[PDB]
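There is one chain below, alone, in structure tokens, taken in the form solved without the ligand.
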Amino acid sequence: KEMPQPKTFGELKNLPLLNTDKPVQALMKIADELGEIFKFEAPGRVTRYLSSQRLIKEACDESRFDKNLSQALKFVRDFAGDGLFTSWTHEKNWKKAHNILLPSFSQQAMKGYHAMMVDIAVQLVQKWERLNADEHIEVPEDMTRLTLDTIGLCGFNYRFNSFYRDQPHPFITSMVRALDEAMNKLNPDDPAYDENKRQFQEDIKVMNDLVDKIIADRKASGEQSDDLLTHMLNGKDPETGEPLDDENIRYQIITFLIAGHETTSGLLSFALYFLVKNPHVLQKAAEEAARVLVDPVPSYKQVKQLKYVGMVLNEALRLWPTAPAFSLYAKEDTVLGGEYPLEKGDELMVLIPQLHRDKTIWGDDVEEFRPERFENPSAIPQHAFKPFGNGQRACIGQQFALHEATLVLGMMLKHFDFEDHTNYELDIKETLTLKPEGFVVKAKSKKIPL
């Protein structure tokens, strides 16, 4: 079959159809019109967007397709290096870091990070407890302070102290500005970008200098902490027998922050958005939080018992997966779905929000927020629900992100009632990630001490 494709406009190809800063949302609308697969061409480039479980399951066959570095990832690689997120599968440091780090990101490993996640979560709760009457909360902004600080503390035992500041720690300022410049890069040698380049280089140096110093401090003290840095200093890859070198360790630390901060904060923000818009679900979730979180701060075991909170989070990931697209290439010539010939090197994009709206899997009501879809997670067909990507190149942080989010949302629901005081209109900003831009609430404390 010929591959469906939107209208082309001479040499502009399909580009005039994507004149937006919200391309994923625009591509979803194109998928609504054209279906499970369409080609999209712009001057000098081509990809193919997939949106059905049936085709995405095939695309997820690692014998036929592997992770591609999109142009976004190639620009991020300028400061994330050969960390896990921005490496090709074949790179020696991908394989070594993957093997070394997997055990440190397992569900069992979460027991070791729990206390430090609670430390930052308590700081968030106390911030909100201390607001004066009529003050409000900037949701994504506070969730991002939380996730940055949690990844810093669990990643390398470093306190960014984001809840002490108006202006973030200089590392955060540089990382956020570097990521913003990478995304904005999507005539770059024009002199008017001279300042962009100088600033980018300056931000790289700030990031490398801090992380390289802590790595050095840690090797000097011999201190063993409950952080990922300790695991990386001590770990050996079973296959090569080699540890990660100090440069790659730095890139992994930078990577954890980049890959984890806004995905996780976006999830918490969308979950709270859906809860304030669905009062009955909010009540059920808050009832569970009150029933289960019976101690002054949560234990690891208690977080594991927040079943319905976990369902809420999965249903937020279903509707607005916060890293909404990933790229694949064809390893060899092949035919996709019995119908679409592909050449070696051809790119595919998995459009995750549209996958998560495949009516053939989810039924007719796909826009409804219904956590009960996830009552029995094992009943969901493989490759229908993919907010954390695919296979060996899936999110290594998944258990971390979900432990964090379940703990934090549980505490939020234990400690406060929330008000959508502005009747907030969902406005989804797209960068590397998705967030509900401008989402604000008021919280009324239940006055339960920590």
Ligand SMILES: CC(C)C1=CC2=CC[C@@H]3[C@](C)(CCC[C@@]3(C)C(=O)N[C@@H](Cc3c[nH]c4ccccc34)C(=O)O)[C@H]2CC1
The other form holds:
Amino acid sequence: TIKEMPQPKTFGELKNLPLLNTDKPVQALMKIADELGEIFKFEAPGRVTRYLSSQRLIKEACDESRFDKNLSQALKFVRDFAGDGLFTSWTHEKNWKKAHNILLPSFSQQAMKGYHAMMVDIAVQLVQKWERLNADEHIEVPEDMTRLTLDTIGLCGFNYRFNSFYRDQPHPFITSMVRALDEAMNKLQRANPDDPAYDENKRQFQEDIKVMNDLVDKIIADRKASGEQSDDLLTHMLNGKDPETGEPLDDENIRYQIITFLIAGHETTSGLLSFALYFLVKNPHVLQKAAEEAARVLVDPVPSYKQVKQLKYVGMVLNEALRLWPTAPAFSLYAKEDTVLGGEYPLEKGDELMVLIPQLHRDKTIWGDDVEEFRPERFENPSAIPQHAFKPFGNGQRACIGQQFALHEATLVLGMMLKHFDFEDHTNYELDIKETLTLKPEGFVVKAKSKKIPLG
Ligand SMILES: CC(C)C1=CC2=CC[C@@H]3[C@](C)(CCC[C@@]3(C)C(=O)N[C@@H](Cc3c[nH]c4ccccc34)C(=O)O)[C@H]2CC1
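Switch from the form solved without the ligand to the form deposited with the ligand bound and give that structure.
Below is the entire complex, every chain and molecule, led by the chain shown above.
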């Protein structure tokens, strides 16, 4: 039967729009999903979307013959500085497929062998920072994980050192990037954006864009000027030719790719490490098991690529953190033709869906009753997981190109953290999830006690 879709509470002419007038929209949408179930309609003046939460329906939304990636309003606002890089381009734009074909070999599991040593450089700085803490100082976890992740993508991506472990104030590029991202997010719940009240925002936006463009174009120019070949994405993009068109990326697009990778390598990836460490300190038996793996595998002063691959349980820890709090929590699709979703909901060509990943990852039909428990063991036998049940990296040809990079970095860093330190949840931290572009455990702090194992 053709079933009428649930809808959350309305506000007259504003429809559902005020429900997202909140600093925690994803968590609000999760509560609505708990009340309304696997799908609900969300209307606002001039737009309708449908939010999906069940594996049953998301497995169909993940059919690329029926649905393609949509640019959400969030992605549209980011496109003002991320342009037609991979993240903010439509599948049908020529620059999408070109960049996809050129960049895929730079992001493969195999290509991680090449980035491994630069990743180690940044992880060693993190370990050394923590070794150098005085007794009863503490660690600001998201803050340090972001220093690591941002620096790792800068170094591996374009041989640039943000030197984040040398600073309290972020590098000028970062300042502008974070403020552009914040601005892009603010625009989502901003009525009358054309109001002259927001004159100053617009001017600040344009300054931040200029900062970002100037530094990246200059890095681009300098590399071409020097002609040096490096272990980095910038080299692969200057050299690469798309097999299909035979064309290279132009300098403007390369800039957008760089800005894109820096956005991703910032709080999106550091979020994974932060949530992983949160769950470990709140689950001491899991921490112990992971620590025993790190001690057994990481037998050398500095981890090898092969050793990181051996950290199976650490990999499961990361997957279980991705299950509960995926740091890129939603993505958008549109129907390529008229179609019926789940045998019950007719859609017209162009109709949009949002996949609410955290809610997908709580589907009791897939995971069982214990959905709120942190149990990395759920990931021991990945073949048993039904199709499209676990989607922290999105879907299909438009899935995260950075997934292997993010997981290698995370596994290496968490491995080393677990080898070098015992951790204390010294404040009995109460989880508070701050929502920006991404999700993070705000104010999460720990004490680390060195196990006194050398890096030399
Ligand atoms: C850039 C990438 C990393 C992101 C992707 C996102 C996708 C869905 C977003 C997001 C989680 C931010 C919170 C709003 C939400 C859930 C959304 O549904 N937004 C819809 C619905 C919506 C909210 N406000 C709007 C204003 C106009 C039009 C649509 C909307 C949208 O963006 O389209 C957001 C985080 C940032």
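If you superpose the two forms and keep the largest set of C-alpha atoms that fall within 1.5 Å, you have the rigid core. Positions refer to the first chain, counted from 1.
Notebook entry, point to check: Does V440 show a Cα shift reaching 2 Å between the two forms after rigid-core superposition?
Noted result: Moves: no, less than 2 Å.
Check: If you line up the core, does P43 shift 2 angstroms or more at its C-alpha between the two forms?
Finding: Result for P43: yes, a 2 Å-plus shift.
Check: Core-aligned, does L426 move its Cα 2 Å or more between the two forms?
Finding: Moves: no, less than 2 Å.
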